[PDB]
Structures are given as C-alpha cells and as structure tokens.
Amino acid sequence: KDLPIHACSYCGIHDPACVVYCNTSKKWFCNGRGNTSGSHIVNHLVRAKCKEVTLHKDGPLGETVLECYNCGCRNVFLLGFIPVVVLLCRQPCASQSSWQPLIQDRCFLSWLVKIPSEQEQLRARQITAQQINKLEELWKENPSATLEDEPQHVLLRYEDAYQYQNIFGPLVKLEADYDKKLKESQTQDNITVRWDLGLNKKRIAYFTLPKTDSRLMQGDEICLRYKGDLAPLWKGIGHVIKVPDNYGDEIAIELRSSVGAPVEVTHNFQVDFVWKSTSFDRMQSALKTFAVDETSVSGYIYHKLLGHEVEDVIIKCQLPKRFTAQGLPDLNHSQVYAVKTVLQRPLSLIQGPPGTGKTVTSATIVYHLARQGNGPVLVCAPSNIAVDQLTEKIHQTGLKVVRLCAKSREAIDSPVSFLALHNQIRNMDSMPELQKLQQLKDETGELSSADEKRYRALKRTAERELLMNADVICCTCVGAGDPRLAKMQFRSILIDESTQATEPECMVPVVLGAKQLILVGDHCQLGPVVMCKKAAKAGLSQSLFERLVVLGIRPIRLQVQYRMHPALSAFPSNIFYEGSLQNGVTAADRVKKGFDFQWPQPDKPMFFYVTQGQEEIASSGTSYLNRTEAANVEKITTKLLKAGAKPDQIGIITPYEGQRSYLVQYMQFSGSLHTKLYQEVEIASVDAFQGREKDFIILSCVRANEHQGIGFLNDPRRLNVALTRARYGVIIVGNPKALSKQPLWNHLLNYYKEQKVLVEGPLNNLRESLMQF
C-alpha cells in the first residue's frame, strides 16, 4: 500500500494538519522545511508559479479554498489576518478605506496549517533544495516524474529509507533476474524416472541428474514433463523431498496432484526447475514499506539501521529474577550478560562464535521476551535448518511455538514438523468440519469450488487462532513476508544467523512493527550467497549485521566455547576471534574414553594427512572428485569406527558434489565394515553442518591443482565452520601445494607443521611430511 493521496509530493509527510493542496498542480505539499530554509508548499508555489490553495478535509478549518472574505482573492502571498479574525488582501482590503501575513518566514501560519514535528521530518525523504529545482524543472513538461530520473554501491549511512530502497531495490532486481535465467538454464532432457507411492499415498518420482555444484533444496519446485512416445504429452508439478545423499544419487519429488501420473512409463522425461518471484517480491516490498510506512519500525530502529547518530535509549522492562530459562542449561557469565543487556535496549547484536551456545542464548532471550506479554514473539533465520534448530530449543522452554513454512515445504519432515502450522491445524479437534474437509481433500489433492471455498474460510480461522495465540512464531526471514503474517504486528523480533542474510532479506521480518530487535550471528561464519556477480560487487553480500559492525556497533560476544578440545579451537580462535575464545572444557574432558586410535601427536587430536593424487571431473557432470583421496577418507573412517566411534559421531565435509557422491559409493562398495554403518556417516558440504556438531570431522579437500575452488577452499569463513564442528578430532585430507595458494590455508599448513601434525605414509606408520611453506 502506497502513501496516502495527501502525501507531500516532496518528502512524503502525510499528517492531514500539515498539508496544503495546490489547485493548479493538483498536488499536495507539507508545511515543514526539512532540509531547506522555507516550507515545501512555499518553495513549490514559487517555482511552479502558483497561489491558489485548498486545505484538507480533516484540517483545523475543514476543506476550504483560502480566499479573502472581502473580494475572494485567492493569492496566498497577498492574504493575511486582521484581528474573532478575518482573512483579507493586504491591499486594499486590509486598508482602512474599506495585520498578519498568511505566509510568514517562508511558510504558512502554524495555527492554520500545522508544522510537522522534528521526528516526522527526520523520517521523511531528505530532499535537498538543489533536488527541488531539478524535480520541479521536470514536472514542467512531465508532471508524472519522480526523483529517480552499473548499479550504485551499498553505503554505510543513508539519508533515508527512500535512498535505501533506491540502492538495494535495483540490487534485488539484479539477483532476481540472474536467478531466473540460472534456473531456466538448468533444464535436463533425457531423464529416466522410477515411480513410487508414499505412505501418505502421494505420487513420488525418482530420477538422477548430472553431478553439479551451485544448491537444490527440499521443497524446491520441479516441473516434470513426459515427452516420449509410449504415451501422450503430460506435465506435473512436484516438490523435492530427496536430494542426492547417503542413500544414493536420486532426487525425489512429491507431485502436488496424484491424478494421471504416467506411472507405467519410465524413459524420456524432462525436468525443469520452476522459478518463483516470491522471495524477491517480498524483499522489494519490505524495502517499500521501510520507506513508506512510519509504523513499520520504531523511530529508534529506523535511525539506527540507517547509520544516523541516535542517543541511547533504555527499553523499560522488568528483568527476570533468573536469566536461565526453565528447560534449558544454566547460562555462563557472558551469556547472562548478553541476555540482560539485550532485554534493556531497542537494538542489539550478539556474536556467537562456534561452540559458545548461541542457540541456547537466543532461546533464553526469546523466552523472556515472550513472558513480557506483548503478543507472539517473532523469530527468524535465513535458512530452514537454523530456524528448526532455534524452534527446537525454544520448545524446550515450554512455550507455545508455531513454525511457519511455505505450502511447498509442507511435505518435509524435520524434528520440529510437529510444530509446523499446517500440522497443528490438522490436529484441531475443536474444528471438526475443517477436519472432515481436510480428509476429503486427501484423496485427490483438490476440492469442488463450494468446498474449496468453505475449506479456505475455515483454514483461515484456524490459522488466525494458532498464530494470534502463539507465544512464539518461528519462520524464515523470507517467510516472515507470508500473507498469513501480514495484518499482524511484532514488537519483539530476534533474528539468528542474521549474518547469513542480505540486508533486504533481513528487513522482511523487520518491517512487521519492530520496537525491539536483536540480531544474532557471527560474521566470521557463513555469509549470504549472491549469484549475480554485479550485485555482489555492489555490496549485496554484506549482511545487515556486518554493516552495523563496520558502522561501529559493538556486538556482545559469547565468550566460552564448550565444544572443542583446546588443540582444535586454538587456530580458529587465533585467526578469527583474536585469540579471545575461552575453553570451557579441558583436554581431559575431550579425550574419548577407551577410544584406542593413535594420533600422530597423541595429545593433539588433529592432523593434516597429505595426499597428492590427481583430481578429475565427474563422468556425468562438471563437479570434481579425487579417487586417491576418497580411498584415504574411507580408511580413516574405518579406523575411527573400529577404534570405538559411532557413525553419527563422524562427519565428512567436502565442497564437491563429485566427491560427496563418489565417497558414498566408494564406502558402500569397498568399506570392510557393515555397509549401513557408512550410511550413517554424514557426507556433505559445509552448509549442512551449520549449528551442528560431531565427535570427529574429516575434511576432503579434493583439488590437487591450483584452482579458485568453492566452499571452504576459497572462503575463509567456510573454512572456519569446517574447523569447528568437531569435539574430539579433526582430520584434513588433501594436497598442501594446491592449497597453499591462499594466505589462510597457508597459515593453517604452517601451524599444523609447527604442531608436528602435518603427516604422510600409511596410517599404521605415519611420518612427518618434509614439505615447507
């Protein structure tokens, strides 16, 4: 929804008491001066060459054309009051033969047209006098135009949410367009399908694509077309329920509609990846409302987000007697500090380094916010796993939590699916008619118009009730722009993994009425992914959290790590956290009991295992693999399991789909242990381990030739995530020469070598490598 029709055509102000409608130009202007020395009407009347004026319906005087009571002269520069008061022309009507100027000090009398307060004007578009000239110069022959007549780089500080929209807006468009072409380039042509039937009795299609790195996500939408000649032309939409993983390389989709699926036929399918504008629209719209709607975020948040100087404000509030939340672990001192500081200000950042209890700290905050009783607390993060991790912790506190997701993500199971709004509505025994309708619906996918109408009516009632009555609503950043949440307000908002969102993404939940906003994350960890290189270079890949940091806002840092053996945290702490991370567990706490595995350096549970075999490209696709390297990864995996580790306590991180896929196949084929044990060893790229941990982590670097690389190979931040998932042991497998083409990896290899932990030869008889860097 735009500005009201009575919005000042210059700065946006739309308080009916402060506006003046210009009869010739048919436009409204405000009685405030803003950036110039003189009001916005007066400045306009002068340059547009006008004099005739009508006041607003809801104004001190009502909807009336200003004119002299004597002669009806409508010239405002000639009008004025004589003292029980009369409006008269200075000459000759004020002349005693038949005084106060109406315009005085370059604007209208305050008690006929009110002057907007500083706040309103400080919130309006900051239009300069030199900008008025040019804008007013264009209206001359184009009364339609506005101020907008290689993309402009992101800034630290913004005059305006309007300037803000104008800078990020075109960045979002570059991303959306890029993404559309990307998605559309992905079409696969000669595809073989395996058909199946879920227990929910929906139709499922399995198929295998070339091996690619980009990624495909559960709940993504795929258009499956039959194009063979064993039958006729058929098209179906489905949503991804399986990506290639430890159970094999197949992608699986669940069809929306069961009906008419060509189950009998197998060859000649075409796979298209449906693009939707939704997330970009929601981003564009959040920019719009950030500019246009002054109730969408508080004055404080508004000025703070835009890089203005604001005096500190203490949020009034009753502190809990105890900061630790029921259901959750006792907080340490720095976490207690974070919770208490954060509750007492309108805006905060919290930095949660690996192993420091970011998630528990966020859940505890949310918990106290929810008990202050201001309606549902809004909680977001940029990714589905990070929302789910947060949802789960918050649930431990005993609060009513609703997890909201897209209708496309509905087929997806997670540990928190039982909390999903669509599942909760399904269990509403207070609503039998809705339940009956929902049964009917679960035979086809669809309903009759009279019933689909009824069902939508009831489903809306059911969604209002669970959403309005929740203590906490968890959803994705982009998901906060869901139409089911519009018409709701959220005064308290916590965004975790905010360091993974672009500014526009982050702002989507922000504009839903923020009065208190907490951004949690870690800018030394995962950042936003921006596919469009132009957009990237203009700044889009800088999260909101990062910009506020560079702007000089100090994040409260969580200080104690409880995950890692001290030897494992040393290097990331020294590199990313200026050696400030404190160890909450000892070396002794982090020696696995009866785990008889021989570390090269027995008291340092890490090593870099040198291999220098050749990388190759996948036989089907464009990703990389390393066969030498994979054999070694299995041997290590097998040693760890034989020494006492359990498959779910081990993770393998590699940047390439080629290597992931090869590793699963290789272990199933050549692993000496029972095949299923390997199936339970998670192999994936670094994204899938965010917020998660294992006892042991193996990295498989893959590349043996100098390269740009992807994931942890050329992003120090992803390397930081890779090095901090393990509690007990980290093993890196790879080729040092290929990797030392990197300041960081260079430092990592020097470090490991000084630590005597850069090694070669058979696992049974490891020697220190003689290479140097």
Second form
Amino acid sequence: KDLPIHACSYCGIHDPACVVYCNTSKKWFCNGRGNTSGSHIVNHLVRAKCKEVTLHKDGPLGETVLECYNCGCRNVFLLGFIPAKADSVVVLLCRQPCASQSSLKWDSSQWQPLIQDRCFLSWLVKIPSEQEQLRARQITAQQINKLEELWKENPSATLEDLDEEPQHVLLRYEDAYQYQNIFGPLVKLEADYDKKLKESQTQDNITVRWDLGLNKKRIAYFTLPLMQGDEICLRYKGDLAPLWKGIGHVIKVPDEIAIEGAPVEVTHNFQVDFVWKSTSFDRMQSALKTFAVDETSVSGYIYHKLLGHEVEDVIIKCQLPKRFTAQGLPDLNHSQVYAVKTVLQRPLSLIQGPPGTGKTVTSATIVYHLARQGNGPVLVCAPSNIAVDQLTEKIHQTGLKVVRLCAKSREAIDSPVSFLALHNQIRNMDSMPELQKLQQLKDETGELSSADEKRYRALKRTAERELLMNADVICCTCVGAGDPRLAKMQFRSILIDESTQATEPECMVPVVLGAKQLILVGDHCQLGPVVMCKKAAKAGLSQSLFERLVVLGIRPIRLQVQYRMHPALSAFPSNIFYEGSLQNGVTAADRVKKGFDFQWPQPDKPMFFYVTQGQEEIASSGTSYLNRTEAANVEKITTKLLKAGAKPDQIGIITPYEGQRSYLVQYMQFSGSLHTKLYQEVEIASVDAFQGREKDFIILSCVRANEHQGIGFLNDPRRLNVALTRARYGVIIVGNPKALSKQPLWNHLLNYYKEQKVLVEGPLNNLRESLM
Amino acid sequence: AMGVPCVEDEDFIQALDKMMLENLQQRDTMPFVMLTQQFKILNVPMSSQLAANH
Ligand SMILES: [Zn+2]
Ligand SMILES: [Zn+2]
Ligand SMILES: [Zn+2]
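Moving on from the form solved without the partner chain, please list the structure of the form deposited with the partner chain bound.
Following is the full complex, with the preceding chain placed first.
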C-alpha cells in the first residue's frame, strides 16, 4: 500500500488525532512542527493563505469544520475558546464581535486563540510525539516553501519529485524517504541494464540435444558460441518439425547448458533467448517503499541505526542460555561464544567472519537461541541459494522446525535440504489427502480446470500458512524474503549471512518485514556484491549495508579463530586484513596433508612465490591477457603436487584473466606429462569462483609481467585476501615480482615472502632464493 | 529547539503574526466540555493558563 488519504502532505504523519484538512487546498497537514518553526497546517495556512479547516472522522471531535459557535465564521485566525464561569464548558468564538465584552455576558477575558505558539491548540488537534516526527519525512521550512509553489499549478507533486547523473549513495540519511530516493533510481539502473543484457545474450543457430522423455518432463542440452532455474526460451526454426516454442528452466550451468510436447527428433537450428524477470528488482523497490512508508516495518531503533543517526545503546531484554553451544552442533570457541552472547543482547549487530572462522555454525547457534525466545519464527537469509542451503542444513541439525522457502522456478533443483523445502513439505502433508489428490492430478496432467484449480490453490494457501506459521525458522534468499507467501508475516528476529555480498536494497528486502533484532554476518574484507551497471556501481550500489555501517563507525564483532589454514598461510592475511587478530585453531602438525612427499623450499612453511619472468600477451579475444611461460610453470607445479600425492580435485588454480584460465586448461590438455583426465579435474578460475570455497592447495597465476594497473587480485586488496585464504595445506604464487611490486600490497607480500625465505627461483628440483 | 531553522522560518513567523493581527482589525490533564447540537470532551493540560487558573 501507499500512505493513507489523510497523510500530512508534507511529512506523511497520518494519526487521525493529528491531522487537519484544509478546505480550499483539499489536502491534509499534521500539527507537528517537524523541522520547521511552526506546525505543518499553520505552515500551510500562512503560505497558501487558507483559513478554513476540518478535523478527521476517526479523531476525537469527529468530522467537525472548525467554526464560531455564534456566527458560523470558519476563519481559524479569528477563532479561539472562551470558558464559562466556574464551569468546565468551552466554546469556539471569533474574538470580534462574538467574543467581545459588550456582545457577551461566559468569560471574554479568558479568550484563547485556536492557533497557539504557531500550532493549533494541542488539546484540540493532537501534536505528534517526537518519535513519530523523527520517523516522518524531514521536510525543511524552505522545501515547504518550494513544494507549496510547485503546487500553485501541479497540486499532485511531492518533495521526492523536486536529468544527468544519479545521486551517489550517502552514509547518513535524513529519513527512509531520502533512502528510497537514492537507492530507488540505482535499483532501476541495474534492472534496466540487466534486462538489456539478457535480451542481447540471445543466440540464433544452436544445436540442441535431448534426454529420453521417460521422466515425463523433458531436458534440452546445448552449447553457446547465468544461473540455475533461469527461464530460457527455446524456439525451433526450420521444416523438420513445425515451428515450435517452449519455455524451460536451467538445471545445469556450465560449456553445456541443460534445461528441463516438444520436438525431440531434431538437432539443428534452435534459437535460445534468455527470459528476464523483474521479480527481484520489483521486490527491492517494494522494500525501499515499505521502509519509507510503513512505520511498523522495522523498530524505531533499527530505523535510526540503519540511516546513520545517533541512537543510544539498548540492551535487549532476552534471557541468556546456560550453555551457548546449541544441541546438535559442536562446541563453540571463546570467540564464537562472545559473538553469540553479545548479539543476543543487542538489537543490531554485525558479525565479521574471516575465512575459516565458523560463520555458519555461529549463525546457526545464534538462530537456535533466537528461535527459543519463542517470539515467532526466526528469519534467516543470505544473498545466494548455496549460502541459504548451507545455513539451512546446520540449523536443522539442532532439531528445530525449519522451512526452506525457494522460488517456484527452482523447485526442480535438488540440494541436501530439498526435504525441508516448503513445496516438498506440502507435497508430503498426509494430513491433507485432498490436496495430495489434486496435486496427483496436476502432475499427471497440464494445469487444472478453474473449479479444481480454485480449490487446489485455497488448500495450498492453507498448507503454506500451516507450515510457515508453525516454523521455528524460515530460510530463504534475501530477495526470496519478498515472496508473496511471507508478506502478511512479521519477523521480529532476522539474521542475514554473507550480507557483505548483497547490495543494500537486496539486503533490505527481509529487514522491512518487522525487524526488531537484526544480525548481519559477513566480511567486508572479502568480495562484495556484483553490480553489472557501471553508472549504478560508481554511484555506490556496490557498497553493502554491512560496509556502510562499518564505515559509519559500527564496529563488527569478529570471529577470531580460523580452522582452515596451516598457520604460515594465515599469517599474512591476518596481519594485513584482520589487524593481526586471527588465531589459529589448527596447529602446524595438524596441517601436513597425508600421502604428500613434497619438498617445500623451507620444510615447515608450506607456501612460496615462484618467480616467472614471462612476457604477457593479449588473448586473441582482444580483451584479456595470458602468459605462456607462467602457464607452463603452473602445469609443472601442478604436476609436482600431483606426483607428490595431492588429490586433483583438491588443487585450485586462481587467475585474474580469462585468457590465462583458457590457455591454462588448453595447455595441460595438449602439453602436460600426466594423463589428460588428472589435469581435467583441477579447478581453474577467478577468485570470484572460489568465494566461500576451499581446496588443499592453491596456485595463483598473476599473468602480468609489465607495469600495469591490472584487474582482479592484482589491484584489489579484497580479491587478494580471498586468493590467499582458500588453501588448507599450501599455496604457491607464480608471477613477476618486478611487475607486481608496483602495487604496495604486493610489495608487502613479496617483502614478507622474502623475509620468510620463500621467494624462490630456478627449476623446481633445485629451487633457490631470489636475490631481488 | 530550532530543528534545521531557515531564513524562511523567520518569514513565516512574521507572516503568521501579521496574518492574525490583520484578520481582526476589519471587525496530567483536566477535562473540559466543548460545544458543537452536540457536546464533546477535551483534555486540557495543567500546563495551560485555562487549567493553571480555572
Ligand atoms: Zn506533517
Ligand atoms: Zn490550503
Ligand atoms: Zn462568531
């Protein structure tokens, strides 16, 4: 919904007791000063030069035009009360004549203007409390001045509506109306950009193949000269079977694409169009609107904290458990306990979870204890389905009733927690054998007759309400929180994992569903959200809520103990990105891989920088780089690790350039010494592909050998941080020191690796130190 | 207790005073009753001069 009809036309306050209808202007105004020196109606009556007002039906006086009891005069500037003598009656009279000595008999000497101290008498029109006004739109005397003039012939206009560049994201906001005015346009840029992009990805002469139609619904496979459940439109062109058109959902991302009547005899001349949907963008705008317009969507505290206002610290009146460890989950460490303890006693917390530090178990533990404060279901989100699924599984281990809500387009996708999916819980409700019967008919047929269908839908809403309303926890993606099925539902406690990977409007979709306790978990030193549109990204849409809050000065609680890396590997990132604060939950002995006879340049430090001084070159694409010498050195390192005992699927090669990634896979196929399959299972990608993932061993290929600005982890500290914190057991960087050292971050890195005597040269068999 | 006070707050204050001055010349709480036939009840505060005196 929008605001009501009787909302103050300046600030939007809509308490019936506070609003006054101007009879000429046909608009309402509250009796709060806001940021001005007088109430909003009085501001309006002076400027618009009106004198005639009416109060509101649902207010105290009922719907009464304010007028002189005696002569009917409606001029508020002449009106005031006089009281009877010794008696608690009071009438509204115009001062002259009606309220004048000779004309009267009642006490003329106690006449009191309707308009007192630049407001209507508080005891006739209520004055909005300060908390109400701090929540309203913050219009200034001057903006009213301008707005009141923009109405002299466009009465329908607002403050929001008063080209070139979009406004840049602010840190602090006057109110959520400004917040919507800033983010709203940015969200519109990403939506329009994305849509244009999707509709330009369309491809003409594609060879499709099929899977047997034994599974009822059919699959289609093809390779083009990008996510699961994305709707793709397949059209057949030619005369081997009549012109066909069908929609399918993606089930296998990549070369090969795979999408779940149709012409399964033909192979050639199909057309692929990528179907775009506004849903997530629609929902984001919706959230921004709800945030601005609905005072109940988030607590006063959270509203003011999120907008960057000064807000006094509040202790939440929750009860701490006896043991912080949740049942079903292994014991928390000192760092994680301190997080849980702290966050349960606060209305808004940020948890920073560095690589390997136990975010999910920490978040699951927090959600467990929130669940048992008993104030309805906890809402748990993450920007991505893989993160929700991971968190959903951990929460389920504690034995709470969890419902995984997902998009209707992703219901054919499997995951270890499909059995928790709402749609699957509904299917297995033996308690409603009518719904199951109607569902049998849908799945053996096309969509059902309008009577059948009304009934099915009704019972399906019932099923949904039953499961969700009784859930201890609901899990879905940030955007998924905007699902219609969760509208109409209040979430007092909300937790968002990996929030540093969503844009603010995304992250705000769930928050505006009743947040009174919000916990943002993330790491502003690892990758942030992807923003495809430069204008929007430059305007600041790439900043997350978490980040803005961190910049605002809100200090996240940091999980301090990492359990992933051998200590030598944690050392550098800890010192540079995490204030040297990371503790090692795993010892050096704990992190020698078994069946691994590899001879590190220094035996007890399993990392090194191999100097390659290859020339880079532009990939025949025209748009990237590759370094052939470096790639050669990478395969040779890959081969050594394999010979030494390492499992191929536990080797990752990270590289900033497609050209290198592409050359690197080609090279090992056509030039490795080991069997071709073995290399094929070694994952090669950008750091983006390795976010939130780990391997036993990581090789970095930096590619650049000349002076260069660079893309990727060459010039982004956050990407370097992720790059250096995927490996458990060892990491090897291959690159040109001279090229890399221009960047001060790499300079430190090289100086550190040198100081550790692990910057090396020459053949792998006889590796020596580099005297640069 | 000024808010974000503009140069156009001064103008309004002056505009409002004049407007009242101009329109004449031509011619814890306490319950009070108000005329309207119909009566309605207003809660007058102890702050006010109508309560403060009575
Ligand atoms: Zn107002
Ligand atoms: Zn008016
Ligand atoms: Zn009169």
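Positions refer to the first chain, counted from 1. In this text, rigid core is short for the largest set of C-alphas that superpose within 1.5 Å between two forms.
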Rigid-core fit between these two forms, the member of 628, 461, 117, 344 whose C-alpha shifts 2 angstroms or more: 628
Rigid core fit then residue 316 CA moved by 2 Å or more between these two forms: no
Exceeds or equals 2 Å, Cα of residue 64 between these two forms, core fit: no
Yes/no, residue 638 Cα shift of 2 Å or more between these two forms with rigid core fixed: yes
Core-aligned Cα shift of residue 674 between these two forms, given in Å: 8.7
